[PDB]
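In the form deposited without coenzyme A (COA), a lone chain appears below as C-alpha cells.
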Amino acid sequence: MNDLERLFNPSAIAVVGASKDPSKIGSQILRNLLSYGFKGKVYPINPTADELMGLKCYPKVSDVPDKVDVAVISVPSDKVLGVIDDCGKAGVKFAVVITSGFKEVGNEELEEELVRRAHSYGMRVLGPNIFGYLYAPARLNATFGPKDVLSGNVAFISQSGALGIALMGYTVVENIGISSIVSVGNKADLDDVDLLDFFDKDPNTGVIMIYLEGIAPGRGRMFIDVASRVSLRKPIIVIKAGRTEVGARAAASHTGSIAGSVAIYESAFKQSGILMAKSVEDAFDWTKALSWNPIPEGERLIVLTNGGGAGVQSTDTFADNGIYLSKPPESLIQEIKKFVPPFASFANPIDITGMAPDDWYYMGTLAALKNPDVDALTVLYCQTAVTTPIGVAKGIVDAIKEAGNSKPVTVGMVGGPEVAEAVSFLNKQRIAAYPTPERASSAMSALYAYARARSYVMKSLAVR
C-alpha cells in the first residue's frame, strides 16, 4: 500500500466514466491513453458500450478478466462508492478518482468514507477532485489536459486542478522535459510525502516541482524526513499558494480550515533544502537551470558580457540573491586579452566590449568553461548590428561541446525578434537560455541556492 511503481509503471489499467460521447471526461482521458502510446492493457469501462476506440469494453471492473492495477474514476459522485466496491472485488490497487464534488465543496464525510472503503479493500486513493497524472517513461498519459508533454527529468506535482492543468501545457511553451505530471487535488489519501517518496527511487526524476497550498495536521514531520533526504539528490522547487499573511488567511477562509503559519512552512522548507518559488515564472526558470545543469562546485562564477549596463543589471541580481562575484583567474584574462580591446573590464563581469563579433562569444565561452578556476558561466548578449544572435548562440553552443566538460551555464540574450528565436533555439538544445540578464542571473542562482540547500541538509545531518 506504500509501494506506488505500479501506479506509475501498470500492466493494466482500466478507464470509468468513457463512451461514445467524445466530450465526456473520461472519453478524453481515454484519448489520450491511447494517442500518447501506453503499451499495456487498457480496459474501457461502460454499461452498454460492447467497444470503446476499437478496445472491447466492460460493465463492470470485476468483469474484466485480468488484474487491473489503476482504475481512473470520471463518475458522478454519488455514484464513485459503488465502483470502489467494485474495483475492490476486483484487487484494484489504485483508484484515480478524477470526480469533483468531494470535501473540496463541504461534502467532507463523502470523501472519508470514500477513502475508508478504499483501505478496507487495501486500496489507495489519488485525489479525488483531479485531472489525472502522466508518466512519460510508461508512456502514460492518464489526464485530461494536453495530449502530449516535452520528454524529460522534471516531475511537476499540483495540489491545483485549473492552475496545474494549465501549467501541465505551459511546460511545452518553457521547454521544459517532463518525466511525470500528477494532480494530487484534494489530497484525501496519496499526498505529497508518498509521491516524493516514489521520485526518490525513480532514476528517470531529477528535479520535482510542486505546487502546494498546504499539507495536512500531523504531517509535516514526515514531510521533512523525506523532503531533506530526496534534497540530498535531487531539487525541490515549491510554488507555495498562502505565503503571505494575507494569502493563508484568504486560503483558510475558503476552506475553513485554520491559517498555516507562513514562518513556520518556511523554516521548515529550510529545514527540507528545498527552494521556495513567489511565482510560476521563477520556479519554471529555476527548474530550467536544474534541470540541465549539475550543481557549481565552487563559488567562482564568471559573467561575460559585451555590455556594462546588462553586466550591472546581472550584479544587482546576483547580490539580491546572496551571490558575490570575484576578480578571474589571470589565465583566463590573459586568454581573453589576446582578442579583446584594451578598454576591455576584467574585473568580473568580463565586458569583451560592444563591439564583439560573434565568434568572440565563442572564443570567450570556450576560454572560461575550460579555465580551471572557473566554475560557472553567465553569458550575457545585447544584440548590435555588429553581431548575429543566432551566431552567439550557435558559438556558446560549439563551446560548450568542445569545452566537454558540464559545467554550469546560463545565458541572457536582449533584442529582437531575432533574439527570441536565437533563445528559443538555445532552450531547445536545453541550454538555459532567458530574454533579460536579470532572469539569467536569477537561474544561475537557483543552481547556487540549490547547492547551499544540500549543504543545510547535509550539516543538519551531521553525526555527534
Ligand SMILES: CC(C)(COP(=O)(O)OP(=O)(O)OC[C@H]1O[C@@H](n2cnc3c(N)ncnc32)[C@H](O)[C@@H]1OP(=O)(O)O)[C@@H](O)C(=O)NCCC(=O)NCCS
The other form holds:
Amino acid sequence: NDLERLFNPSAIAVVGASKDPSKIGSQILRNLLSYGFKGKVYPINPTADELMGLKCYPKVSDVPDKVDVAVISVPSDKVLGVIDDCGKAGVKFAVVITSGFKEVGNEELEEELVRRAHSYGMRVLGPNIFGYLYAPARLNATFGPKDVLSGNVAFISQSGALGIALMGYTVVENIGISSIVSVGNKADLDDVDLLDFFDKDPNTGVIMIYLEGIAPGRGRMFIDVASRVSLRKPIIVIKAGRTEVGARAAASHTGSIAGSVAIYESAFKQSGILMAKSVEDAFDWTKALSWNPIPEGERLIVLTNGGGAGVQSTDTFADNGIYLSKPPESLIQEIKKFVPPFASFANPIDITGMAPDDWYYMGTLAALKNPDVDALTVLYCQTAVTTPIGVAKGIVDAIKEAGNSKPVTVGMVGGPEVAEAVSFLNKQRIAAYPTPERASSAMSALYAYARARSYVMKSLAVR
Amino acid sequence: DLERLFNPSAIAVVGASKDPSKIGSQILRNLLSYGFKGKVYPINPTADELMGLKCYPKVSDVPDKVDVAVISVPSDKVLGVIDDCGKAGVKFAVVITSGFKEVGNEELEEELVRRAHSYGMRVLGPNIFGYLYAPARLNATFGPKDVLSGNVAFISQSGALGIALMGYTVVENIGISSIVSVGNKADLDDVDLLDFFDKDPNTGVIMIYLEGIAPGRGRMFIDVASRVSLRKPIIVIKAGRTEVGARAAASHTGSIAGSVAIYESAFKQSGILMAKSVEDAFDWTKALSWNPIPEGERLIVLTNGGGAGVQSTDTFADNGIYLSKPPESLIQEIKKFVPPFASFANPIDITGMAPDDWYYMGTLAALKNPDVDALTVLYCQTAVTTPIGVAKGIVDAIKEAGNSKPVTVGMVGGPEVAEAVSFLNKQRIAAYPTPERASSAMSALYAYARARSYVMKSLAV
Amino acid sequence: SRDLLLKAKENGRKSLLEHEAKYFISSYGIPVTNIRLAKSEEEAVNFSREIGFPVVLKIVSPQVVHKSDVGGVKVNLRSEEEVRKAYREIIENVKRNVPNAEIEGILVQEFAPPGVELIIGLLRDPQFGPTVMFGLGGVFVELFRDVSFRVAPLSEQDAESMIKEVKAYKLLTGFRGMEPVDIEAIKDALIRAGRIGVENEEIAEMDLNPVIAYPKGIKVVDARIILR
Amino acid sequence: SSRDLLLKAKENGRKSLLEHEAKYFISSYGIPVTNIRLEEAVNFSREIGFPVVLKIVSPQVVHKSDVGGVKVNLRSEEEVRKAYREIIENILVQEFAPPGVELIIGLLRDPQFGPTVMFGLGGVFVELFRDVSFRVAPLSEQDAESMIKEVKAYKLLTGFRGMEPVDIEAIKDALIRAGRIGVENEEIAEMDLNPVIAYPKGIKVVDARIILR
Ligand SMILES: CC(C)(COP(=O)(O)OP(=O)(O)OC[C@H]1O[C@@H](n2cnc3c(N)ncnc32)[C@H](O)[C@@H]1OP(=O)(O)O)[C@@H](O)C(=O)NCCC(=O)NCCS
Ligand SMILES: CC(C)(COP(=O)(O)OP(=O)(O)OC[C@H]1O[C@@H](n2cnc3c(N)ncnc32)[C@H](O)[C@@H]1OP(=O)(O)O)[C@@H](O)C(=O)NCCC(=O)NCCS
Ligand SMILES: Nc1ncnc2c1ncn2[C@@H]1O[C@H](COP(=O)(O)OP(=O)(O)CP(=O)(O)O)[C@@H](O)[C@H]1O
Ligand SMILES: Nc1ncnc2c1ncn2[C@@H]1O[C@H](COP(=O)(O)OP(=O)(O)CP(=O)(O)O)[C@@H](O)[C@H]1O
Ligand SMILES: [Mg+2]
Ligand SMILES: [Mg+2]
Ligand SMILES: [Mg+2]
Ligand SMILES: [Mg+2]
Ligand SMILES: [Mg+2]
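Form solved in complex with coenzyme A (COA) structure, per the form deposited without coenzyme A (COA) context:
So here's everything in the complex, that chain up top.
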C-alpha cells in the first residue's frame, strides 16, 4: 500500500525516550530534533512529564493528535503492550527498534507482533532496526549520525551495524542521501514495499540495497517490481552471503549443482539490477549513477596525459566487456590543433605527459561538444608541469560550457594536492576517483545499467 | 654491482640551468632538498654557480671521481655527454632524455648503449624520471620533494604513472626504500634491479609496474624473481592484460596460447603476486610491508557486526581462503566479557554494543592464543564507541602481543573513522576503510605464503 | 497424462519412473525418444518393432540406482533376436548382482544417435519459485557446471540470453566445421520447461538429461522428475 | 643421434616431421609412444600385435578421416589386408590405443620466455573449452604437478563417476621431458602431442606433430 505518511508524517511518537540520555530512545529523540523535523514529536514515557522541552505523555492514546508513526524503543517484553496502544490510537506505522525476535529465535513473538499490528490496519517496520531517515522531510529517526549530505540516493540496509556505519561513510565519500532505511528482520515491510515508494518519490534517483536475503515466495514479486523500477531508476544491490556451500548432493543433477547464490544473481539480472561484490564498488557506482545520465551510445572516449594510466583504464573496461573504438575523425582533428604530433589517438587519446592544465580544458570541451561522443573518462597523472586544482577547474569549466549532460568520470593519481582536487570535484557532484581503474569501473557501471535497462526492455517487448 | 648507483659518493647533474623551470634544475633542487650528503656537481656550459654549488662545464673538469651522472640534455647532445663521462670514469649514466626507441629512433638508443659499454659503464633508461634511494637520502628525480621512509622498492616502466604513484605513496602512507624509473629499458632492466634489491637489507618488499620484458629475457626474469621471492614478496602490476585476437597457427597449441596467459604463468612460477589494479597493489604492499607471513591457515576474523563479517567471509572465499572453527581456548577466554548471544562461528561476532575495551581484550586474546596464526579486525562505527578509542585498543593489544602474527584492520564509518584509519596506518598497522579491502590485504599475505611455498618446492633440491 | 503427477503423489511416490516422466514431458510439447514399458520378452519384441530399430533396453528396479554398474542396460539392439538376448541377459544380470532387487519391468526406447548433449533443469527455489537451468549435459554436467539460470515464466529474451551466456554455447553455432544445431528448438524447450514448473506445484526438481540437440530439432533421451 | 631426423628434414626443405619420425624423436627422449613400423603392412602388424591402426602416409595429408585414408581397430590379417588395398583408391602400421582419458601436451616458442609447455584435456574439444595451463621450460616437478591440478578437467584424473584414477606421475614426467625437448632443440618451433591417452598405469602418445623452423 502507500507509505507516504511513513516518510512524510505530521506526527511521530518516540516510545522509550528517557531522562537518561544514554538510552537509545533518547538518542533517537535528539536526532529527530537536531535534524530539524517540522512536524510534531511526542516523547512517550511512563514517569517523565517533559523531555527535550517537549510535553511527554505516558501512552500514545493519551496524545491529543493523530499520530502517523510510532518509533518503539522498549524491551521485547513490553513491545506488545505498546503495539496494542498504538492500535487504538489509530497509528499507521510501528517502527520497532527492539531486538530479540526472529534473529535470536523468538519467531513466535515476531509473527504475533505482525498479526496484532495488521489487526489494527497498521504496518510494521523491523523489528531489529536502527530506524530510518528521510531528508526531504528533515526526518532522522535513527540513533546514528546527526546528519547526512542531501542528495537523491536511497539506501536500504538489512544489516544494522554495517547499515549505521555506512550511514556515516556516505559523508566521507560525498554521497548525497535522500533516505536511509533499516529493514532488519523484515517481519512485515520489506524491500518490495520500499521499492514501490522510491519508484514514485521524485526526490530519489538511485537506490542502493544491502540484501542478506528475501522471504520465501517473495522473489517473483521482487523481480516484477524491481524490473519496472529499473527502467527509470538504477538499483544497486550488495548481496550479503554470496559464497556457495557447494555440493548439495540432491536427488537430481539440477538439485545438486543449482545454488541459491547463482539463482539470486539470475534474479538480479532479470530485474535489471546491478550486483556489487564490495561496499567500495557499490559506493563508487552509486556516485556515478547519481550524478550522470546514462550514455546514449557506445562512443566512449578516454582522455589521458599518461599512456600508463590509459592502459590501466583499457584493461579495466575490457574486464567489464567494454572495448574502445577509434575516436571520430572530427574529434581527432579538433584536438590536433594544440596537441603535438607524437601524441596518440588510438583511444585512449594520449595527450602526452607534458600537457599543461589548459589542454585538459580544451580536450574535455572538444570531446563533450562532439556529437559523435556519448561518454568521457578523464585520466590525470600529477606532474610538475601541471597543478591538480588547475586540471580540476579546467574539467569543471569544460562541462559547464559543453552545456549538455554527457556522463563524465574522472581519475586522478598523485599526492595530497590530487587528493584535494578529487574532493573538490566530488563536492561539485563530479564523479572523481584517486585511481584510473576506479574511474573506469564507475563508467562501466553507467554502461552496465544501460545494458541492464535494455535487458528488461527486450523481455517486455510487445511481441 | 649497482651498489655505487644507489650509494654514490659523488653525483653530477648535467643539464641544470639558471632557469629553475628546467628538468635538470628540478632534479638538482630535489637532490639538495632531500638531503644528499655526498658531493653534488652541477654541470652547465656557462653557469659558474648553481644552487650555491660550484658548477663545472664538463664532468671531466670535476676534481672528484663521479659515480653517477644524471643526464638532462636534448637527445642530439646526449652522445657527447656520454663520451665525456666515459673519459671521466663515470660508472652509471642516468639518462632522463626522451626521443629514442620509444619514438622509433632505435639507432640512437643502440649507439648510446654501445659507447657507454665501451667505457665500461651502465645506462639507466633512457626516457626515465630518475630514481630515489632513501637510505642514502638520494632523490635524483623531478618528482615530489619527499617520500615516507620505509622498506618498499617501487620500479616503474611507466613515467607519467610512475611519478604520479610516487606522490600517491605519501597519501597511502607507504614507506619507500627506493623509487626506480626504468623507462625504455635499453640496458639496465627489472632483472638487474631485482638482483640488487634481493641483497639490499633496506628493502623488504618490491613493487613493479611492468608493461613488458625484452625478448629472450623472460627465463632470466623467472630465475631471478623466484629466488628473490624465497625471502621478499614481489608484487607486479601487469599493464596490458587484455588478450589480443587469437592467432591462426599451425597447431592447437599456437592457436590457443596467448601472451597474457603465459605472463600469468610466468608470474606464478616466480612466486609473484599479480595485481589487477593500482589500489590492490598498494593495499597488498602495505600489508606485506608491515606484517610477517602467516605460518598456518588458522585465521580469525573479529567483528562487532555480522554484516561486516559476511563481507569479509565472501571476500576471503573469492581468494580461496575459508575460515575454520576458532580454538576452544579462545572462545572461553572471550566469553568472560561478551554476552551469551554473541557468535563464535568465526567471524567471532562480539555484537554491536561492544565498547572500545572489548577490542583490546579480544585482539589480545586472539594474538596470544598459540593456535591463532592471523587476525583480521573489523569495526563498524556505533554511538557506543569511538573509532579512535578502538584504534588505540588495537594498537596496545598488538604491542602487548609478540608482533609475530599478521594483522589487518577494516573500519567503516564517518570522518572519525577516517582519522582512526590514518592513525593506525601512521603506526605501520594495515588499516582500511572497508572490510573487503582489509580482507583482501590479509589474502595477499596468504597468497605470498603460498607463493613462497611454491618457489621453495620448485627450487627444492 | 497430465494427471500422472497426481497418481504418483497419492501412491506416496517421491519420483516418477522414466517412462512416466517422458509421457508427462511429451504432453507439454517437448520432443522425447519414443518409449514403452515391457513386462515380458514378447511385449518387448512387439514394442521394439512398434518403435523401430535400433532400440535400447533398461531395467526398472527401485534397488538399482546405477543400472550400468549391474549390467541393467543394453544399447543398440538391431534385431528381434538380439532384443530377446538382451531382455534375458538383463534380468539374470540383476538377479545375480542384486538378488533382493525387485523387478518392475523392462523399458524399450528409441536409439538416439550422437549429438550435442545438453541439460535442461527445473528447480523450485523457496524465494523465486520455478527456475529453469540450461547448459552442457551428458555425463560431464557436474564436472564443468557450465550452466545458466532463469526464473520462470521465461520470456524469449530470457531463454535466448541464458543460452548465449554459457561458455559451451560455441558448440551450437558450428564448431570444428560442424553444422550448427537448432537453437530455436532449444529455446522452445526451455520456455515449455518453465511452464511445467509454473503449472505443476508438486514438482520439486526436474532433470532433462541428456537432451540431444541436432541440426534439426532436439530429443529428450532421459528424464527425471522429483516430487514433493 | 635423433638429431639426424631434424637435420634430414631441414635439408629436404621440410617444415615439419612425418608422424613416424616425430614418434621416434619423441621416444628417444623417454616419452612413451604407440610403437610404429615402416603385405609389408601385415608383417609389421603381427610384429606389433593386434589390434592395429593403418594410416596412409602421403605428401598431402590434410584431413585423413575425411578422405577415408585410415582404418581403425584391425584385429586379423584378413581384416588388415582389406584396408591396405582399400584405402588406396580413396606401409605405416600403428598400435591401437584402447579408450581412456584424452590429454594434450603442447610446446610453443614465446618471444619473451621462449620454450613453453602446455597441458590440458585433449581430444576434439581441446580449443573449445580451452581448459589448459602453461609453464615456461625447463619445468620443475612442482611446475608440472601444479599445472595439472590447475585445469578444470583435472577431476577426470582422480576418479570420476567411479572411473579409475589415472597415472599422474607419468603425465608429470612427460611434461618435464617435453620441456627439455623445447630447450635443447632450437629448430623446433611448435609441437603437439594430441591425443595422449592416460591410463591407470602409464600413458601413450597416439599422435604427434612437430613443426620445424
Ligand atoms: C529496545 C532497547 C534499546 C531498550 O533497552 P533500554 O533502553 O535499556 O530499555 P528500558 O528497560 O530502559 O525501557 C525503555 C524506556 O521506556 C520506558 N518504557 C517501558 N515500557 C514502556 C511502555 N510500554 N510505554 C512507554 N515507555 C515505556 C522505560 O521506563 C524506560 O524508560 P525510563 O528511563 O523512564 O525507565 C533494547 O531492548 C534493545 O533492543 N537493544 C538493542 C538495540 C538494537 O541493536 N537495535 C537494532 C539496531 S541494528
Ligand atoms: C632532456 C630534456 C628534458 C632537456 O630539456 P631542455 O632543458 O629544455 O633542454 P636544453 O636544450 O635547454 O638543455 C638544458 C640545459 O643543458 C645545457 N647543456 C646542453 N648541452 C650540454 C652539455 N653537453 N653539457 C652540459 N650542459 C649542457 C643547455 O645549455 C641548457 O642550459 P641553459 O638553460 O643554461 O642554456 C628534453 O630534451 C626532453 O627530452 N624532455 C622530456 C623528457 C621526458 O619526458 N623524460 C621522461 C619523463 S618519464
Ligand atoms: N536412447 C539412448 N540412445 C543412445 N544411448 C543411450 C540411450 N539411453 C541410454 N544410452 C546410453 O546408455 C548409458 C546408460 O544409461 P543410463 O540412463 O542408465 O545412465 P546415464 O549415463 O544416462 C546417467 P543416469 O542413470 O543418472 O541417467 C548412457 O550413458 C548412454 O551412453
Ligand atoms: N590409435 C588410435 N586409437 C584409437 N583411436 C584412434 C587412433 N588413431 C586415431 N583414432 C581416432 O580416430 C580419429 C581420426 O583420426 P586422425 O588422427 O586422422 O584425425 P584427427 O581428429 O586427430 C585430426 P589431426 O590428425 O589433424 O589432429 C581421431 O580423432 C581419434 O578419435
Ligand atoms: Mg607520454
Ligand atoms: Mg669523492
Ligand atoms: Mg550483531
Ligand atoms: Mg540417463
Ligand atoms: Mg590425431
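Positions refer to the first chain, counted from 1. C-alpha atoms forming the largest set that superposes within 1.5 Å between two forms make up the rigid core.
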Report the residue, chosen from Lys89, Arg229, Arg249, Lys337, for which the CA moves 2 Å or more between these two forms after the rigid core is overlaid.
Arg249
Answer yes if the Cα of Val193 shifts by 2 angstroms or more between these two forms on a rigid-core superposition, and no otherwise.
no
